[PDB]
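**Student:** Letter by letter, the chains look like this.
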Amino acid sequence: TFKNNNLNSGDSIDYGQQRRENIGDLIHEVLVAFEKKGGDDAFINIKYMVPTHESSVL
Amino acid sequence: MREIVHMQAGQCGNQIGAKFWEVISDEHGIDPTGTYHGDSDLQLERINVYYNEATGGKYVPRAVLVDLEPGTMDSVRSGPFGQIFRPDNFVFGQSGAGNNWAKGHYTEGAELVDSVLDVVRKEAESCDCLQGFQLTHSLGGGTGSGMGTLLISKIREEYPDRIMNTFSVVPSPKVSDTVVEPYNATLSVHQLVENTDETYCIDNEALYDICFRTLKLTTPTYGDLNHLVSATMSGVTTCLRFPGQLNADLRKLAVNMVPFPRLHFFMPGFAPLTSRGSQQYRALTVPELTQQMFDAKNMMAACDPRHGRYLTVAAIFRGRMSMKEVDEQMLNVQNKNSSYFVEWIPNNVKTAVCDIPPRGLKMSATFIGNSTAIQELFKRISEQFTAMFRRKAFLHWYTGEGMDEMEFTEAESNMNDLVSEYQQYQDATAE
Amino acid sequence: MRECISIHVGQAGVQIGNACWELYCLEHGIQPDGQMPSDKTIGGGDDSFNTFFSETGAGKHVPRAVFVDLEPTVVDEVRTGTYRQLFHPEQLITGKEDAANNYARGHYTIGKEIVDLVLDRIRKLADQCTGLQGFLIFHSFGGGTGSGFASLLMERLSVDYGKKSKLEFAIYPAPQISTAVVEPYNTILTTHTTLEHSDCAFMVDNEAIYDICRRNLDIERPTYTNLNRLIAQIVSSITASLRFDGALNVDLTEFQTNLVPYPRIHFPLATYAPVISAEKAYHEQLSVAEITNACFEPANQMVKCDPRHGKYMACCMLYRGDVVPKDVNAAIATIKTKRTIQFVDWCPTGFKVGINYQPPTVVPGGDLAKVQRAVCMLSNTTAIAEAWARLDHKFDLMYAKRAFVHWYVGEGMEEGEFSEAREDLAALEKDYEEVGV
Amino acid sequence: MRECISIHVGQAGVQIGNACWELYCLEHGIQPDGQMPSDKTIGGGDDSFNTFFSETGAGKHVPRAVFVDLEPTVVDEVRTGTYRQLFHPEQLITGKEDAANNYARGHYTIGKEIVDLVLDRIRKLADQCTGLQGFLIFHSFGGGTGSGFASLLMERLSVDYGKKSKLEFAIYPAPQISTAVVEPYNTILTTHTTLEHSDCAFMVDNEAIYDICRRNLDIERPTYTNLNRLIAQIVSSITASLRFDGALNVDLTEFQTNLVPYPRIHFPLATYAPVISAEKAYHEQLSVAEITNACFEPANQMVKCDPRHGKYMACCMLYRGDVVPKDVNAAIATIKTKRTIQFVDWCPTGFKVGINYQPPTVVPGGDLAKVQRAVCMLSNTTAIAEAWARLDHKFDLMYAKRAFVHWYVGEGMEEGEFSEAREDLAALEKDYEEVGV
Amino acid sequence: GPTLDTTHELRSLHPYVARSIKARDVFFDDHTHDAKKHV
Amino acid sequence: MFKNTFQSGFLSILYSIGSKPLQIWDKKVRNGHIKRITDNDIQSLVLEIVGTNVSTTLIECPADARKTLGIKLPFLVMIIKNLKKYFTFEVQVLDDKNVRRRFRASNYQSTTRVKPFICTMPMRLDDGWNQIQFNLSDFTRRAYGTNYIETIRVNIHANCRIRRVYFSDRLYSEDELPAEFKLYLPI
Amino acid sequence: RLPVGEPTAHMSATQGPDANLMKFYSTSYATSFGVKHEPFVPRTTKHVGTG
Amino acid sequence: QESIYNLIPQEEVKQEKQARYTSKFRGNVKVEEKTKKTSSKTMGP
Amino acid sequence: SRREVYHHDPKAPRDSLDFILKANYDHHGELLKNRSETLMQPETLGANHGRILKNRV
Ligand SMILES: Nc1nc2c(ncn2[C@@H]2O[C@H](COP(=O)(O)OP(=O)(O)OP(=O)(O)O)[C@@H](O)[C@H]2O)c(=O)[nH]1
Ligand SMILES: Nc1nc2c(ncn2[C@@H]2O[C@H](COP(=O)(O)OP(=O)(O)OP(=O)(O)O)[C@@H](O)[C@H]2O)c(=O)[nH]1
Ligand SMILES: Nc1nc2c(ncn2[C@@H]2O[C@H](COP(=O)(O)OP(=O)(O)O)[C@@H](O)[C@H]2O)c(=O)[nH]1
Ligand SMILES: [Mg+2]
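Chains as they are written, first to last, in the authors' numbering: chain 6F, 178 to 235; chain MM, 1 to 431; chain MA, 1 to 437; chain AA, 1 to 437; chain 6N, 418 to 456; chain 3A, 1 to 187; chain 6M, 3 to 53; chain 2B, 8 to 52; chain 3S, 59 to 115.
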């Protein structure tokens, strides 16, 4: 639901990129950490839940 | 291919429209089962105007039936030519207005106008051209007047450009037929002025004398009364359904009569009228047909155009005849009775001619008049309204049904203003 | 190559087109299916049909006509019955809702949905021609489509074409006879477009043709059919010089150059006047001088106006049949020596004579006699000012009290066009009264 | 001598080919069972039906067609219909499980188990023919077998045969009318895998044929039978030069060397004229200039795309009937002297014409008329780029959140194939605007 | 309801009405499956 | 644009360190986001073009159409980060003739398929911070047989973290690069 | 919604009115234009010519 | 060109009306529209 | 004045093909409409065409 809720600021510095309050960013490395420290049958389940995601280990 | 939708409201509207569908099914060859058994193809040639086509040969009417009680529609369904109507077009309630305009317009007709509007919207989107609407009701009843005027208001809100016709069975000067007729008529005319495109004020007493003197007939019966009314409607509408040398539809009729927007109250007239046993002495000519039109005793309202002044006259000759006889008779009747004609409208008669006379008739002729004499009807209604409203007769019903007295005062003011403009255009001169 | 396209607008135009294309089909020997009758091939290279009819395939002729209405019937009546296969299905164009005797409906609301379609049909029929003589528009002033939509068509035709000649035949309201009440309003509103989108304006009064039918043809209750047959006879006599070969004869440009003195004065009067029944034709000297005098009589005009109250500017006399030029010159001499007929001082030679070899043909079930000599006089005079004055008095009488204006204003035209058209007709009246003296 | 092989893939292709072979049998005088009539003789003389048929000895004609669909029914109505005896049983190839509106299921599944069988049948037909001219592959871009197995078969044919013309009739999905929800995905993928294997990709659109049938051909209720009859008329006009003698003989090789400027633009829109109905038909002249103008009208285009928002690259005008090449030259000059019709600045010679002497044959029970002249347009233009823009908008809306992609992934296709196809068709749009500028 | 024939239906009614049905809807007697129909 | 300027050593077009380093580029975003953030690997400002459906989110090198980035330098070097996602870029060049070809290199193609106006080539870049070097002269000599004249436009589509895009004449290996052009990775 | 300027199917697939005056359903157009041609059967043609 | 004196408001003075002509058969029309009319001959009073 | 030989009008098409081509119908996105409105004219719309249609100012 909240995967694509990132900041479309254009060419503008995100000065709040130290408190880490961007859900659209945070979900991405949550999924990357899941796929990395998951297993062989992890991309199929993650792709089954969220259809946009694609593998970081391929 | 120009379709019009027919609505009937109240007892009078239901019986009159039932007779109307009976006669216009007879002239189109539609049997009571709903199929077609006509002689020539001209009967079904323009059948799309009044009938929708079902699967097979079924031709259902383009009609909506409204009454707050099953009642009169129950009688119509259990009468002849009652099986042609779709059962989904019978919209009815449970209570029934007790000749109460407030009940028919605010309390009982309020929670039925949604169903009637859905039926009307469906049956009108089933059309292809949708020339307009015609409604049969009386200005002397509860659901005839209040629910009918509510329907007119909502339909003008929905479709603001279509032609609206009302057939407006007005209260009679003699007898009563209802004791709250001044209230009902004053409240309904106030809606009819600002929401109807053309209105044929029809009087029971005038129809009584027409049916009993010019037709003898002894016992007249509402079958023949409503059939005279239905014959006038057929003569009005016929240029949609049959070809002619000079055709004229509802919009031509309304443009060529109505001079100013709040002057669309007419007097109808059907003028082949032969008493029993005088057809042998009848000559059956165009001058005699026009003379039977332009006779004051042949009007279907109590008002006297000889007392008043004609503004616009529409004559539709439905049958085969000559432009010679027709045009010269209109010119002669105008030039002889130039006293009963406004001088500021030169040759204030529209002429239409069809080609198909009634079955069993050689020629027919419908008469519509827009004289200033019709102010007498509103004067009668307004004076009876004053006599009741001064002593607050029967007003506790209208006030207890959630409706105030300033509605009555505004309705009376509008009717008196209508009489004022009618008298102004009567006595206004050319130069 | 002398084709001219006929447009028939309104109920009056459509009925006149029926009575006119009947006459054309019998004059060219064509059955009401496009084809010639059985074993009645044309032969002899007769190219007379190649002005009103077009070869499509294997001896079929389509008319060069566009029948327009805004409503069904009449056009539907001729689409279904007798002359069913004669016309192309896409040239009898009809609408759904009529213009309701309203110039505003005919010009602004219902007019702008079918005008492009009939213009495209006109363009296709013009492309089918190898050089077009002009257009013949037929309408009544009357109400609705005959005024508003005819105004729209003339307004677009004058900017599309304009090297061609547009002759329009208008059924003018009578002095007292009328089948409507807004005829003065519609006729006033269409005066401007008939002033500035037409080249010749042949105009007819229903009451005058009624009187001619009652007096000459001896029929006592005429319908529209006899009047439309007389209009068809007039138009046939006008275009018979283009159709058939003969003696010295005029064209649609020879006529205009010899008729109209000024661009604003283009409102002549048409009188086809060997009009009689056969029973009285047994007892008449049907001679050239007699029929010329019958044309010049004030009681044989198709507009209820007295030409003795005006001065003749020019007259184009179209003769048909066994007609030599010398008795035509004798008739012109007698007309000149007549003192009742007066001519304007700046037009001394006021006659243009065109003689054609083909006599007119009677339709079966008609009322005209089969005469061997026919004459149509097309005369520009100042007597049409009486019709203008009658129209203006009726319009002023209605417009003083602001009657029926709400229909036009609600349907879309602004208030000022009424006064603008009244001023236009006042200017035309001033022009005619100035040029008369 | 010259021979063509027609492959009808999908339900749309099979029904199209049914109409096409019915028309071919009617115009070559072959009865539906396969024999010629005994008492009647229609074939022979002006015929080269050996380009589309095979003579098996005793007198039966077998068409060179392969009807393929991966679902039994639509092949069994051919197998049990009126034309049951016409087709050899191994020509009508059917599958077991449907492609299910899935490019992945038509490309990487069940069709992979029948591509060998259809290739063997194609090999047998090519061994039978005495010199192959090309293939006519009829299908739709909508989805399933038409977008899937058809593309796979074209790739296999390009690998196996090579250097032969593969003309492709594509039923392109309409801009708004559609009978499926994965049509953008299927059309994107089949365009990507057909763009390098189709020499020509003649585009036909159902909604535009609906427009044609409603306006020109009367018919208030158009259907797939009428659509297939019109497409059969188009392909008969295309292939009539292989079967009848003509002044300008145009075979299947010319369509790729005169309509494909660069090896990416091979999508010419089809247009047929006259498409007049039998009611009007003989009420019009239907001349060469008339049919060419009606062919050049933007409303009479059989792909829902007006040519006024683009410049014409090339135009193949296949004239048929009593057409004279001087008349064709005059018509083409008349269009070339119009400024609203724009041609690209690099192509002064924008027309290739083919004149054929045999008029088209009316189908009994059909809706067209028996006409002499008929022009068929194959117009390559810079206008279908807006259709590609709309279709990439549809693909973008679908693929923004990966709707329906799980089916394509689960039956074989990789995830990146969709993006490859989108990238290549965006490059095709860039190619169109680069050529147009 | 009963099994539809529709040939008897538009044969038992008036010729003008049946002509109108055939003119406006060509599917009232759509008989593609009639030779393969086996009465 | 970029004509009548000295183009000898290097020509930088995008550089995420700056006030407005997208002034000449054209921002088209449909289902993604462009933003400047501080990367955790080089500890400096980096532009990001992350977005699904990579064919829509993209930036052209000219701000508008009908204008050409006239650059005569052959080599194109881009400092890009690997996000293990679909990366795509395109360059339009002018040949010896008047024709303009397009080289489109993407990380999800598999076959180099030469076409008349487009090359459609694949690439397989490593993990972390890659430096894409793209010759254009050998490439236009090998794909069409012409010679490189000038560039027209540069598109970098999506799913990338850009540090610097520039042009150079020769290869310009690591130890002769200037300090600001080096890709420096602190510990 | 039927098109504006075209004949309708119900209008087209009809019989004409009687041209006999002694018939009841006789129009003025029928009785005036076609009273001579009451049992009229129109004859359809075809185009001729070939390449 | 342009000048200071071009900034003077010159207005438009006055545009005439040029009233209608009212043709000479007006009296004849007024006479002939009433030479035949009577008062209540057919309907009666 | 239009019949006068010093008045040539560059509009007013000589051909029916140009007559439909100067219309407003957009074949890519106008849904299933008819011959009456597939050839609608800008003069009928009331656009800013440089054609004098009436003498009225
Ligand atoms: N001579 C002649 N005049 C006719 C005929 N039909 C109608 N008219 C004239 O036309 C007038 C009636 O108005 P129409 O012309 O019918 O109106 P329209 O042109 O059909 O347009 P609408 O208002 O929509 O009916 C009458 O006053 C007649 O003078 C005809 O058949 N013959
Ligand atoms: N012109 C025409 N088009 C058709 C016909 N039948 C189907 N189509 C088109 O085909 C498209 C969809 O493809 P289908 O034919 O239904 O299915 P398919 O191509 O056989 O592929 P499958 O799904 O495997 O059956 C639709 O959008 C239609 O427009 C037809 O008979 N005539
Ligand atoms: N002509 C005629 N008038 C009727 C008929 N039925 C009722 N009326 C009139 O209608 C008036 C009464 O209105 P009513 O029908 O009771 O209205 P409702 O109460 O709203 O249904 C009376 O004046 C009657 O004259 C009828 O069948 N024919
Ligand atoms: Mg009319």
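A few of these clues could be false.
[Claimed, not checked] Below, simulated BS3-like cross-link-like pairs (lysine-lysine); rule was C-alpha separation at most 30 Å, straight line:
id : chain 1 : residue 1 : chain 2 : residue 2
1  : MA      : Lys163    : MA      : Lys352
2  : AA      : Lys430    : AA      : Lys311
3  : 3S      : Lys80     : AA      : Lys338
4  : 3A      : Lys81     : AA      : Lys401
5  : AA      : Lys394    : MA      : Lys124
6  : MA      : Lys112    : 2B      : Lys41
7  : MA      : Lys401    : 2B      : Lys43
8  : MM      : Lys324    : 2B      : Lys21
9  : AA      : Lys430    : 3A      : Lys182
10 : MA      : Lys401    : MM      : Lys379
11 : AA      : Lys338    : 3S      : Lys69
12 : MA      : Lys370    : MA      : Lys280
13 : 3S      : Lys91     : MA      : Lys370
14 : 2B      : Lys37     : MM      : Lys336
15 : 6F      : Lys180    : AA      : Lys394
16 : MA      : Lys96     : AA      : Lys338
[What the hints assert, rightly or not] With the C-beta cut set under 10 Å, the calculated list includes, among others, these residues of chain MA facing chain AA:
id : residue
17 : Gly34
18 : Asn50
19 : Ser54
20 : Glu55
21 : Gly57
22 : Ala58
23 : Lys60
24 : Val62
25 : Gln85
26 : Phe87
27 : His88
28 : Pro89
29 : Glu90
30 : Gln91
31 : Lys124
None of these hints come from the bench; they were simulated from the model.
All residues carry an ideal CB built from backbone N, CA and C; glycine is no exception.
**Student:** Would the stated hint for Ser54 (chain MA) survive a check requiring a Cβ distance to chain AA of less than 10 Å?
**Tutor:** Holds. Min distance 7 Å.
**Student:** Keeping to a limit of 30 Å between CA atoms, is the pair of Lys401 (chain MA) and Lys43 (chain 2B) held or broken?
**Tutor:** holds, 24 Å
**Student:** Tell me if the interface restraint on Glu90 (chain MA) is satisfied: Cβ within less than 10 Å of some Cβ in chain AA.
**Tutor:** Constraint on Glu90 (chain MA) satisfied, holds at 6 Å.
**Student:** Can you verify the interface hint for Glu55 (chain MA): is its Cβ closer than 10 Å to any Cβ in chain AA?
**Tutor:** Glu55 (chain MA) check passes; min Cβ-Cβ to chain AA is 7 Å, inside 10 Å.
**Student:** Run the distance test for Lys430 (chain AA) versus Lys311 (chain AA): straight-line Cα separation, threshold 30 Å.
**Tutor:** holds, 15 Å
**Student:** Interface hint check: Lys60 (chain MA), Cβ to nearest Cβ on chain AA, cutoff 10 Å. Holds or violated?
**Tutor:** Since the shortest Cβ distance to chain AA is 6 Å, the answer is holds.
**Student:** Identify whether the interface hint at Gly57 (chain MA) stands, where standing means a beta carbon of chain AA within less than 10 Å of its own.
**Tutor:** At 5 Å from the nearest chain AA Cβ, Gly57 (chain MA) passes the 10 Å test, so the hint holds.
**Student:** Next pair to validate is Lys37 (chain 2B) with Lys336 (chain MM); report whether the Cα-Cα distance is within 30 Å.
**Tutor:** holds, 18 Å
**Student:** Is the straight-line distance between the alpha-carbon of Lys370 (chain MA) and that of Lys280 (chain MA) 30 Å or less?
**Tutor:** Answer holds: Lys370 (chain MA) to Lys280 (chain MA) is near 12 Å, not above 30 Å.
**Student:** Given the proposed pairing of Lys180 (chain 6F) with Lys394 (chain AA), does the C-alpha separation stay at or below 30 Å?
**Tutor:** OK: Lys180 (chain 6F) and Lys394 (chain AA) at ~22 Å, within 30 Å.
**Student:** Need the status of pair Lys430 (chain AA), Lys182 (chain 3A): alpha-carbon distance at most 30 Å?
**Tutor:** This hinted pair is violated, its Cα atoms lying about 35 Å apart.
**Student:** Against chain AA, is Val62 (chain MA) within 10 Å by beta-carbon distance?
**Tutor:** holds, 5 Å
Consistency with the previously given hints fails for numbers 5, 6, 8, 9, 13, 16 and 18, ordered from lowest to highest.
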